[PDB]
Structures are given as C-alpha cells and as structure tokens.
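All protein chains but one are shown in place.
As written, the chain order gives the labels A, B and C, with residue 1 at the start of each chain.
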Amino acid sequence: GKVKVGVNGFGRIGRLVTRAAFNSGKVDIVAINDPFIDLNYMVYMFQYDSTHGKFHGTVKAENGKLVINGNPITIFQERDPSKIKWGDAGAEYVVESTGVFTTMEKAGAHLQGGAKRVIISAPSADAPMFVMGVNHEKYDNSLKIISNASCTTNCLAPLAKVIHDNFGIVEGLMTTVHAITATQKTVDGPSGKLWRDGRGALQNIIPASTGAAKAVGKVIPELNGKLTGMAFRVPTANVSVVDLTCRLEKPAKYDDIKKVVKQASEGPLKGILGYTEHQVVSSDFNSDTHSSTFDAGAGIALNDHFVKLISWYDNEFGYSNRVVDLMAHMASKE
Amino acid sequence: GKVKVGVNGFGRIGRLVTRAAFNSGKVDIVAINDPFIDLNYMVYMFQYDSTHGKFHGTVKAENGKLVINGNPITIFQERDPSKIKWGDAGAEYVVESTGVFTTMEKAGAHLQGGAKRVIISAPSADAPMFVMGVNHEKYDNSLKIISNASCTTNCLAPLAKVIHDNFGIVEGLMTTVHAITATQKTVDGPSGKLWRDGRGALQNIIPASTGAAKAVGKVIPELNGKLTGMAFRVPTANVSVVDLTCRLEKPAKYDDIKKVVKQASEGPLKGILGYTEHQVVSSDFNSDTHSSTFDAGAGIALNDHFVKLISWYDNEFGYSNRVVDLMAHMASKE
Amino acid sequence: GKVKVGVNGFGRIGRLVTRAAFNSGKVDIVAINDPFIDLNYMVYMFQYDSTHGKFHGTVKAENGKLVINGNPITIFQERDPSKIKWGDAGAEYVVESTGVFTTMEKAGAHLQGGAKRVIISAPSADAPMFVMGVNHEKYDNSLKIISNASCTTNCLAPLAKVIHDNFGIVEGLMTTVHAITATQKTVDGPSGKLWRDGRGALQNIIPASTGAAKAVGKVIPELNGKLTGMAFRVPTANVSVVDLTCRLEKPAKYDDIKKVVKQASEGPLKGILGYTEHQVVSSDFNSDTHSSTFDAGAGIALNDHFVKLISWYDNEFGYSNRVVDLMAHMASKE
Partner (left out) sequence: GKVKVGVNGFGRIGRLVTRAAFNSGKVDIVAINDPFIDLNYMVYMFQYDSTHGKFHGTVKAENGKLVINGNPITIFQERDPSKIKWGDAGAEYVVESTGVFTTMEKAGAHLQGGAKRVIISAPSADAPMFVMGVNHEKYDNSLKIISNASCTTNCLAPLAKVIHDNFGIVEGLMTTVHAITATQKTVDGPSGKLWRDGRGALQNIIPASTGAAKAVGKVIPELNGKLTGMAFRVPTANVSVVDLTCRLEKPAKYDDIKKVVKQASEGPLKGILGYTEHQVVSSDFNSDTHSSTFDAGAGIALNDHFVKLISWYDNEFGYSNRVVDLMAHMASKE
C-alpha cells in the first residue's frame, strides 16, 4: 500500500482497521497512539482475537516499536491528540477511532502534529460523511477531516441506493438487530447517558436509538427525511442485520427486487453489496468484508409497494475494511 | 377457580399452563398425559425451572399421582389421544399442548375419552382462534374445539386492535425478535424442513417464518390480508419483542398513540396489554403475565401515518396465563 | 432498634446489599454514596435487575432522596470517602463496597465523616476477615474496620470447616467455575493488569487467579498453607460453583461426608450451608441466600482419602445477605 497511516486508539475499531490494512495491503500503518495500552499488550491484543481468530502473520515488539509483517510501527501514548507527533512518524492520514473526538474541531487536533487528513471511524455531527459505493465520488482533495459514517449506515445505504435508484423509496423504517459492542456491560452497570445500554448484555434484548437510518439521508440526499429507525442489541459477539420496511413509488415484485440487487452486487457494488439466496444465519458472515449482504430468502413483501428487505453485516470487519478502502480511494485522488 | 382441567403434554407449555393454574387459582388441574415423561421425572421438571425459578409450593409423587400443593393429579401415559380416559379422571377441559394434534380432527380425539372441550395451545389450521381481550367475547358454548393462537399472535393482536380501532391500520409488517425455543439446536444440527432452525441457537441470529401476523387477520377480521411478518431467533432463554411497522389511515402523532394505548391498558385490556415509559430491557418482563407490553420509549415515528411500535412479551408465561384465562372465561359461560 | 447503615458504592454489591437489607429487614439503610450515579439513575438501577427481577416494593426519587418502601435515603456524591457526612445522615455502620478502599487505612476514611464501624464487602490485605457460621463469634466491639471476605471464600470456608472438623484436610486444591462479573468485558478489550480478563466474556472460558482458597486459611487458622486454587470465568450471568479436591486424614466414605454435611446444614450452619441430593443446575440457585450448597450427587470420590466436593453459590445474593447478617450480628454485640 502507498499512503502511510496513523491510528488513534487501539480499541476494537483501531485494531481491526490495522488488521484490515495489513490483510488487504491497501495502506501502510506506520503509527498507533493509545495512552492506556502499552506496546507488549498491543502485541497480545492484536495477535489474539476471540471473534476473528489469531492474526495471519507476524507481530512482535522490537526496539519500542510494534512490528507487524516486518513493518515497524511507532507507538505513542498521548491523552491529548494535538500532542501526537504524527508527522515525525511519517503518518499522512490519521484514523480517529476513539469515539470521543468526532467533531471537526476535536478531530482537527491531529493536524497540529503533522497529519494531512483525518478519517473519523464513526458518525460526526459536522464532518462530511461518506459510504463507499454510495457517495465516495463526492470526496475531493480539499476535505481534510471526513467521517466514514457507522457500520449500520454502511449496511443500509448501499441497499437503499439500489432500491431508490430502481423503484424509489417513498418512506422507510429500519430496525437493526445488532451484536454486542464494547460500550455495553457484562452485568447490570452504570451507563448514565443511555440507561438501557448499562443492562447486562448477556441476558437481554436491549432497545437502542441509532441515527443510522437518518444518516443515510445525508449520504443519499434524495432520502433526507424519508428514513428513520431503531436498534435491538442482542447477545451475539459479532454480526448484525438490518430490516428495512419501505414503501416504494414504482411497483416492484419481489423477484424484480432480487434481480436489481443481484445485478448491483455483480457490477458497481461488487465487494460492497453482497447477494445470497442461501439459508444463511449470522455466523455465516463472521469476518465477511462486505458492507451489506442482501438475504433474498429472509425478506417478505406484503404487496408491490410495501416490502421488508433484510441485509447482513459483519459490524466489525465490513466497516473496518471500508475505512481502509476510503483511505485507498482518498490516496488515489492525491 | 372451578373448571377441572386435563393437560396433554408436559413440555414447556404444558408445565407452565400447570404452574399458571396453581399460581392464579382460576382453574383446577386434575390430570396430565405424557407418554414419554414418567411421574418421578414430572416432579423434577415441574419443581425446578431455569427460567421461572423453583415452584413456590410442594411437588411430590404419591401413589402414582403428581401431588402439587396437596392436590393429586392423575397421570396418563397414552400415545393415542383417543385412548386418554379424561372423563374418568374428572377433566372437563383438555389443553392440547403437544404441538402435533392442532387440527380439529386430531384435537377432537380428546372428546372420545370424555373431555367436554379442547383448547389447542398453538395455532390451528381450522379451529376457531381466540386472543383474550380481542375476540374472546365471540366464544360461545357451541365451540368444543378452539385454539388460543400463538404467543406472538397474543402479543400483536391486542396492540393491533387498539391501533386499528383508533387510527385504522391500512397495512403493516411485523418483525419479532424471539427468544430461543425447544425446536432449536444447541449446536449446528439437523432440522430438515427448516434448515436455518438447525443452526446453533447460542451462536446465531436466525431468520424464521411466522404466520403470527397473518393470524391477527383471523382474530381481527378487518385486518385480513393487511399484515404479515417474519422473525429473528436470538440467543436469550426467554422474553421476546414485536416490532410492528404500520401505515395508519388517520394521522396519529406519537403522543396520541401513547395516550390511547395507555388508556386501553388501564381499562378494557388491563392485565393483557401493558404500557410503560420506563427504560426497560427483555429481562424486566421475565415471568410477566401480560400478553403484550407497549414500550413507549422504544418506538419511532417517521411521520403521522408511518410508525414503528414496540411491544414486549414473556413468550412462555404470558401465553400460558392466557390459556388459563381463556378456560376461566369458557367456564363462566357454561 | 435496627442499626442504621450507609452504603459506599451503588455497584452490583452495593445495590444487592441494599436489596438484602430491605428484603430481610435486619438493618435500616439510611444513606448511599456514589459520585458517578445520580439519584434518578439509582431509582432505575435498584428497581430493575436482569438477574434478580424487579424489586418487590416501591422505589422513587423524592426531594433529593431515594425512597424505598416509604423509607427516605440520603444520597451523597463524594469521590473522597473522608468527605462523606455519614454522621449527618445518621449512618452508624458503613458498607465499603467500591472495591478500591479495601485496606484499613483506606476504609478508615469513613470514620472521619462520623461512621462508627466499616464493613469492607471484599477481601482486605489487613482488616480482620469474617465468614458467618465459621468465625463470626471471634468478632468483638473493639473492631471498627472488618472485612466479610469474598463470595468464593464464603462458599468454601463453611464446607471446609465441616470437612476439616470431621475428617481433617491434609491438603486441598480448589477450582471455582464462576459467573461473569462487572470487571469483565463484553468484547475483547483492555484490562492491563490481567490480560485474560479483558477477553470477551460472552465467548470465552477464562482462567483467573483468586486468593479465595488461601483466604480460608486465615478464617480457619488450622488450614493456613493447606489450600490454594484458581478460577474459570464462564458466560453465565450469575451463580458459581466450587470444586474442592482434597486429601483427608481420616478415611471418609462418600456417604459419611454426605451425613456430616447434611447434619451441619440442619444445625449450626442452617441458612449458611445448604445440602441437596436433587439433580440441580446453576439456575436453581438464582437468588438463593445460602453461602454454600453442597451438591451430593455431583461430587466424586477416588478413594476414602481423596475426594472432589461440589458446592454452589449465588455469588451476588448469598454474599450480599451475609454482609447484612454480619452487620446484624455486630449490632447485637454493641
């Protein structure tokens, strides 16, 4: 890979973006910042993964650097992002993955240390938002701070694009049945801002608010105000599913929907939007790099204008690979 | 607390209908048939329950009878339902809970042994179907074989009744996020007729078919052909949730929906349809006897005619208590 | 008449000690300190519990106080325990349940605010340690700061006392198969001090170190240096089990072990050490208030001097009730 990348935060998104970068070879990770995880612990956290298995390659600590597949990575331990010397480490792009510096003002602190561009691996209240395969062609070299939206927006937007382009979405309501995440608790504990999210993750189906369907309206401006939804967190370690109930303007028989989604999966959205007619379940998408995989057998139509469409997503690996693809696309435009 | 009842099958539904009968005191269990579970094992299965806790009372085997709280229950071990001597044991109504004698022809075999009425604790292809609080007033003494529909139909129908009575449901699509059931497998195993249902229940979100939303059109005839849906089985031991996405005829602001559902929960549907504004999760409904509990905070409206309504249900205890309530209602009409 | 109690920390132990105090009525909770959980959130966390169900009585926020069953409780939000005004609230005993002030020096900070005695609801490196039914008669009025040991020590010590008193333990090695706890992570995350404990709790069996078996040697001085062990954390929300493999001095047939444990459970250790011959599983002990329940059917003897003994414990409810029992015992000695 050609662009040199720095990763802020070695949490689940930071580690899996690093794993995707080395597995795909599309970008070169040269620096990682994390003030709470030391070098020897980073080796362990990167090498072993309960969900995705052992890293396929070599990882070791050598001379104060994390060396992955022979590539040395400078390690920083700064709490203040404006103090990270990204430029001295050669990091041109920075993936801001901590989840706490998501505004352009906060993510822009990485420019002080010499980074040229910042990619927020989460929704942002004000940064331009992108979804690969949907609006990445709207990216240009003047944008120094951008967001790759969320894993759920990356699942819904490619499907919504195909459905809207062929039949027109009059309105839609989404539910995502989502795997557990790092912000949840093992047993009933404090969450403060989101009380239901503090309840034991192993024991419960937990309703949760999500701006993912509304965010599709920013990535596909014609759907602004036409979509909203919510989520249920369930006790699975990984892989989630979107359930889009929509009204269509043009009549669409279910076989016509299958035809256009299959055609999009084989052409312009290949590798982004998948298509299957197999009797799949969530574990079949573990470590799958697609953003969205349409499940033809799981959906149901009430009539030609009112349908429920189902799409699977590995909420960890699909999204992490899209962060890398977005950076590779950005690098090709330099 | 008067009608004498026989229970065919000591599976999950049979045992919890028996527990609901002794806890509510509305009906008297006098006989149980199960050809595969012997008396000493019935004591154990009834006394200890992983989901609902130990039985609060006494359970013993004495002189070939199952004795619960000092009440002796005759135990039969017949494979052929037409050979069960219900009349001789004093059982007036029989709960057909095995899941394999759901047609009126098959469930009618209990009349040969002297039962007066049969309540199929499952959907039936041809028996009259009832949901307490929705169409139980249509029951008449002439009906000897009836069905109490499924746990999911009992959750959706009370909510759909209130919404349709106040705003009119033009069309709706339902998703149920359902707890695991006895027909699922611990690890990937054979299912044959439903391939996805054989996949490991602890590891997967599994899409599944349900006739529950279509069945609401039989208990609420005005909704015939206007509702359908599907399910996702998730790894929780009990408690499920319905997500109804519907198009309304009259405009309904979300606060107007909350007001009419709250009013119904405090009046004609008290004890059947619940209402909450608390930050609840699924475990909060464990052993809850309501058929449906509207979650005001979890639902979302796109506009005044297109909304997503959420309702919780203890798929084991709500349904089992409704079987007892249906029999008590039937007894009051004799 | 009842001692007035303050609880420092409204985490899992703090809330369940508060619940055990109201359920048993043995002590009066008058104050709670927690700098991270505000009053409205305390109402929610106390009222709903995924593991133990909804609180039986009433819970509400009124005039800045937490009102449980009509009893108002003063709420403090201090990070420094020496600044908590326990005396202004009338709190005589303080339960130090945060897990971070476990030395006599740190727990003693509560005496500055007017508390008379402090009970550390966790192991302490230097405070006198007690296990109800084993050494609580060694408590005296001169001890202002004491520890109630851990949930695991309270399970092992009553059983080890009976076995050692009757047959003599030459040596023993313990394994506890433990339910998940609040210190674990939902998905692979940072733990720093204990790397295995950061691994996803829902996906893994995790080995862990524990000083519980060694601590039994401090509560039963004759067993000092004769016991040690380790733990496996497994994905269950609650209820744990001890597996004690010990070498006995006097020969003990397995029926002789059952006889002495049953006799102890019916006499001096009634309510502390339970005994069962039923085919129990972990969920059968959910919300069980015993410290230890000997499982006669699960254990196995290789010979008369080498046996494996099994004992269940609700790691949340047994221990929380023992904290209340220890305070009631202390109050009776004033």
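The rule is simple: contacts are C-beta pairs under 8 Å (C-beta built on N, C-alpha and C of every residue); 3 or more make two chains touch, one makes a residue touch a chain.
Participant: For the full complex, which residue in A:112, A:286 or A:303 touches the chain that was left out?
Facilitator: The single option touching the absent chain is A:286.
Participant: Looking at the full complex, which residue from B:202, B:208 or B:260 touches the chain that isn't shown here?
Facilitator: Selected residue, touching the omitted chain: B:202.
Participant: Return the single residue from B:33, B:184 or B:293 that touches the missing chain.
Facilitator: B:184
Participant: Tell me where the left-out chain touches chain C, residue by residue.
Facilitator: The list for chain C reads 171-173, 175, 177, 195-196, 199-200, 203-207, 226-230, 232, 234-236, 239-241, 243, 245, 247, 279-283, 295, 297-300, 302-303, 306-308, 310.
Participant: Where does chain A touch the missing chain, residue by residue?
Facilitator: Residues of chain A in touch with the missing chain: 44, 48, 50-51, 53-54, 278-281, 283-284, 286-287.
Participant: List every residue of chain B that touches the chain not included in the displayed model.
Facilitator: Residues of chain B in touch with the missing chain: 11-12, 36-38, 41, 44-45, 48-51, 180-182, 184-190, 192, 195, 198-204, 235-238.
Keep in mind that, in the parts below, only the chains that are shown with their structure count from here on.
Participant: I'd like the Å distance between the centres of chain B and chain C, where a centre is the mean of that chain's Cα atoms.
Facilitator: 39
Participant: Would you please write down the residue numbers of chain B that are in contact with two or more other chains?
Facilitator: As it turns out, chain B has residues touching two or more other chains at 279-281, 283.
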